[PDB]
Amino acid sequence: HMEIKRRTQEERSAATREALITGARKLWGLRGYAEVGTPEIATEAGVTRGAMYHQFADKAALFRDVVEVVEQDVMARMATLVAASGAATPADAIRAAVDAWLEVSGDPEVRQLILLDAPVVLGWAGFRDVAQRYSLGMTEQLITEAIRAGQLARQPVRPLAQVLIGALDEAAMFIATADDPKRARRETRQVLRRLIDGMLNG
């Protein structure tokens, strides 16, 4: 008897939540978390303050869901760029994935939300857990494929993956906080080329 009512209220709640996340991603992406209040976000999203209260305990809870949706888009955008790269070998896929990370992390919205705001708002523990949840699988599979092809030494995948994600996250943070980010991106790309080319047999 009550399944349509329950599903209807679920769908309405989901639509409200999506509008708030979409609004918050847009305004915080342009001005930064510190500079935009939840009332402006509720106005942008076309929802009441009570609808906001119902969905999110507080401003940081809304930000935690923004980061989830952005990280899903970052991982999808990176997969698209590697897929489109023309990579002939697992080693070339790895190089395409590093290039994709510098391109996607360079998007001004990703820079603001993931590299500048997220470490501050989530705290160090929260940021590291999100980055590993989204990126460890892709990174490990790229390593497994290169090992299978004899382009990387046979070794435990997890330690290498975690160390490389540490290096790549700090590379992107360096570019994000540079006052001349075009020069920083060149210099950082050049470092990562030497690091990756030092490890790959191909």
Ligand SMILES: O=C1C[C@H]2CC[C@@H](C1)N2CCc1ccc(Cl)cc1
Given for the second form:
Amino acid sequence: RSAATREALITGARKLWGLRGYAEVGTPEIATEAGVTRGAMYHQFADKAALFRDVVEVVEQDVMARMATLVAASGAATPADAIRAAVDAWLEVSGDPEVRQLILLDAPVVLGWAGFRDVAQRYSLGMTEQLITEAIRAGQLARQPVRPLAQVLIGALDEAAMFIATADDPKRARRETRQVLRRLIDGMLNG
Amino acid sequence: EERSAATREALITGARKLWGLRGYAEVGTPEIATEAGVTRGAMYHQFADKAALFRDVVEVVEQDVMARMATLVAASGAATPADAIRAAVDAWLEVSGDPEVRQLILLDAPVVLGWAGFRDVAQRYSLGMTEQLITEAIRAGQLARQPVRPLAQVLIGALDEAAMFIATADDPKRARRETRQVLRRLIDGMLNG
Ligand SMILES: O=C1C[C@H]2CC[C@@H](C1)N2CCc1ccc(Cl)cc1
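Next up, the form solved in complex with the named molecule. The previous block was the form deposited without the named molecule.
After this comes the whole thing, all chains and molecules, with the earlier chain placed first.
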């Protein structure tokens, strides 16, 4: 009942904020999209931002699931190639207009830098650390502190995606950032 | 007139010192006016609210940060662009570890300015020095020819994340030394020199 209200509201908000952005859609329009009364909604979420926080969580899960089930589809033979696939996977997925609007444009404003880092690192650190660990185990990456390299790589890839998202010419920004990330990764790795 | 100009400077200096020591959250504007030796009225004429005064403090602290970074690189005796990049990475870790820069720039600024405001300030003060350093390394053949603005923006995301990671760490001394190792390995892997 509570879970079904929550699910209906998250799906509705994810769709409409996805299309027009957080700032353009009010909570009552979301309630109607969800087939929920203002009252049922305010009982599950104090305000707009609180609902936005559950939308971010659900979108980040999908984004990480999409990326894992895209690296697996790359058929990378080594950890080094899996890191390269994972970088491409993130450029592919952050180019999704919903991920661009909710995660790259609205999330930083609504959550702030501290909040966004918490969410970003809650969802990506483990996958990033695991990928670094495998490259070390295979001799393709120098033994080196794993958590700090992971943190830095996630700051770079998040910033890469934000640079593309707000570029005058995103098609050009993608191809140029892709060249830059390929050089950064090739400079991080062993051969 | 001249007293209005002196009030502005006194309030920025006083707010910079007290917010530096205790956070933005822990010092009200009345204690800042007293520290400055001026009236709430002279203060409200120069700054509409607390946040407005905080924005002038951020500007003055960022100027000191970039000046201290340029000083540290020039002081390193770096003969090449590659060595200047090595100095500049160390200089950023050194300067962001200053407790005033940690409190005002890493913890308070993103909250008080918000995302758009803070990014605009951060980019205004760091992009130019970062782009210039990359350009020199390319001109010297010590860095592969590549798009300058995108490499700069990626590197700034890495260095900003590095600084935040150390600022909030359980063991900042360890975080600094380990992040320093990782950044140095990354750039030693890109630099032809
Ligand atoms: O929702 C997400 C996607 C973005 C934005 C927030 C955080 C988790 N970010 C992770 C970006 C990332 C991290 C590691 C790798 Cl290998 C690739 C990409």
